[PDB]
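Taking the form solved without the ligand, here's one chain by itself in structure tokens.
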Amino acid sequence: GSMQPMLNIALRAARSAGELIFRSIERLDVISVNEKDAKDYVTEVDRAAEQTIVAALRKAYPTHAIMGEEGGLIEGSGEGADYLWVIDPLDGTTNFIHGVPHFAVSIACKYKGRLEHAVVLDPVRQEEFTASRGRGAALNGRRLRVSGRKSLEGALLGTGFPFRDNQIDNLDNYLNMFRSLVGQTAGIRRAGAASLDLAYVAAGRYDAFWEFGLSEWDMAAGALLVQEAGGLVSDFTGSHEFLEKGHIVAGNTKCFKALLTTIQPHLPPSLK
């Protein structure tokens, strides 16, 4: 398809970031990564990839606002102030630092607060998920559709737990959700990168996905992918503030609805 210029800029920026990340991982597989130096090696790769993305974006749009995982939020100016790029230069950091080849670059563009363009790029598998509002979604140029599955029977769901200490008090809640889904589904997967879980919803590889504790840069692009593939995205209450609240349900039509209903009785008032 003929992509809008902004989507093409984001895609080329993701490609450069992903190639940098790929070279980085290749050296880190052949060397011992001390665990005291591991978090600093990760900070390095994040910031170098973020620099790559932001440099490419600002070469084309110097007046746009940028919100990066590493750099925070920097406002735009003039008309460009209505554009906000939401960047995770490396989604899946625990996988990356352990050498697990499942992670992605995630770039979204919001126009006046609504999702307008999205890229999720797997640089290992060379899988480029792209979308623009009203243009559909694609994997390496091919149109994407959510799966047709009519219920949770035999469904393949994605999920992921937030592993940091301040979510420990939610474990039973999560484990309750999980508990109630094991009977109906064919499987539940925790692969460790929410942007690729959403991308997989968009491509029909997962029938639905849910998670809490996420940040905006992990979910923004993938949510647009799911929407443009004909799916649904909400927070745990069925409203559209998933980006701000950190909990998200995405899926095809019927499996989104069923998954939302299923998880309702286990929601803490914290996540309501």
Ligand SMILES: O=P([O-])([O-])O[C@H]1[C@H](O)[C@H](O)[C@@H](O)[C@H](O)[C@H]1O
Contents of the next structure:
Number of protein chains: 2
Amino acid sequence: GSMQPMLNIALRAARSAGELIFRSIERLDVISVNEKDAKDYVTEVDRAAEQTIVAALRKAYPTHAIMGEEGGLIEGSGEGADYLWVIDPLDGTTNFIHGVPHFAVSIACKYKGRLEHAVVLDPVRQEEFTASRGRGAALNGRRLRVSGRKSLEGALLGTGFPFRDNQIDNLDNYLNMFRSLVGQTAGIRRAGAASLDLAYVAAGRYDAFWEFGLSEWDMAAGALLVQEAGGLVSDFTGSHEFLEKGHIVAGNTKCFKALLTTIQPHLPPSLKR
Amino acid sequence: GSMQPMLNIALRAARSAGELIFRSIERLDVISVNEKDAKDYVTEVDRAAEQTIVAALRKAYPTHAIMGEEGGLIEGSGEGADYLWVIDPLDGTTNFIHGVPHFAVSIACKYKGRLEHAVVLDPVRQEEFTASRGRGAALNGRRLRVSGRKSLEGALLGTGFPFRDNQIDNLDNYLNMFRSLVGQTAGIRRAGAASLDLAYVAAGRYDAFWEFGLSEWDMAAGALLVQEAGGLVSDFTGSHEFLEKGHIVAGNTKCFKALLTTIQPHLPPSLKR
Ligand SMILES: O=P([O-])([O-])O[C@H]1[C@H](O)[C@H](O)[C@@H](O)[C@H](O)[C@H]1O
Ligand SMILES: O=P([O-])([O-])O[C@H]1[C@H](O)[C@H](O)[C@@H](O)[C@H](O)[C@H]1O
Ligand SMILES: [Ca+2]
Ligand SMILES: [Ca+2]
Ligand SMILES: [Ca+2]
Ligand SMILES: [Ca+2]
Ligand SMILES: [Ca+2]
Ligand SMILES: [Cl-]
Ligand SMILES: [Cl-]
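Follow the form solved without the ligand with the form solved in complex with the ligand, if you could.
Next comes the full complex, this chain leading.
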């Protein structure tokens, strides 16, 4: 079957931004590395990709609300006000600036606050993860399902490191989580792009994933992908506010629950709210 | 063209093995891999890729010695006895068997025990890292240089987690190492194929890399890549027995030096000085 029109618009915007990013990494040097925060980089490439995405989206839907990582939140109008696009124009910026070919464009659409459409596009490997609510998820058109692994034994987990200065107070907490997972699992991977970690959970390439400190645009599309592939997503307390709180556990049925339980004893009260 | 004939032979062998591995991953992605069947699938693909490589190598140099991960060590004859091929037919097998598209073929040639030729091939992204002693290193034909970063400030490091049972007593040491690096660096990455981690050091994509528990076929090609790109490679004590001891630091000049210094306080004072 073919995609709903809105998912199609999102996918074409993602493709255009990804071709810009790929042209950059392939043949150019980065000519702008500003710094939004410490270790939080913004490039001419991030802004150009964001402008590409927003131009396509507003060409199709001028009354929708837009929340871009670089541009912030801009409300819509009329009926269009119930639609909110959540855009990471380039997820994996540190990878990108170093030339590490692992990063993605991430675009989600929420209707009345509920995830409705999702695109995660890796323009190097040309991998297009798409999903719509109640429609399943797909990689380049083929339907995705979370893995069948029944426990953490032999699992391949994805994760993200608490690298920011303002996370130092939780670093040891995280390293304890990590520690208790090394024995049973087959491996833990930190490839450096949260949207692709979620997409990999959705495709069955990772059995589960956990990270704190994330922003909404990092997670929105990938969370819809995981949900539509038959998986589970929550925050560190098991509730549905992972987008607002920035801590997230995603995974297949049993590995999600097992990882959530496993991280429980190493949670600071700041991540138990 | 510019490659010495021995390097070109190794490159074509890597290409054929990588095409085989790529078709294999494509077929495993559309079927459910039993946990009992995963090891058998991996042994199959491993041995088929090794056969591909070894047939191609011996068609050109039948008197050379061969050392494959799957097949062990087989001596050569005549002057060919001074040539030893060190082959990992599939670096990143846990990724592979989970469908994570990050893995590579690794082929090195040693002449009287010194690294002479090297190929690391990513068959998904189609990235061919090549080097010969005294000839420099290339990615798909373009010359490679290690990065110029002067310290670990803002550095992107590669690493490999100590996931094996026999590394358990080192786990804490590793997590101590890791911890001391979080403040300065912009990120740490564990993508799951040590040959590609070394190749990324050589291309300037990582500023430095460290890991222990490796085997010779994991490191041989990538170490030559780093050296020929202008970088530095050593074991944890700073000597050049990384191939034999299994622990390795590689980097650009300054980040190699800083990373080696950083890891010294977390070394068991004995075998590792
Ligand atoms: O900065 P960015 O590259 O857009 O987005 C994120 C990346 O997905 C990274 O994998 C994650 O670990 C960081 O927490 C985020 O910053
Ligand atoms: O078994 P393999 O996948 O061929 O090689 C792996 C090594 O065993 C190493 O321990 C791991 O950290 C690397 O990511 C891979 O190179
Ligand atoms: Ca960011
Ligand atoms: Ca991101
Ligand atoms: Ca971003
Ligand atoms: Ca291997
Ligand atoms: Ca290997
Ligand atoms: Cl691991
Ligand atoms: Cl990091």
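Residue numbers count along the first chain shown, from 1. Heads up, when I say rigid core I mean the largest set of C-alphas that superpose within 1.5 Å between the two forms.
With the core fitted between these two forms, just one of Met67, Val54, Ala48, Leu28 shows a Cα displacement of at least 2 Å, namely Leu28. The rigid-core alignment places the CA of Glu241 less than 2 Å apart between these two forms.
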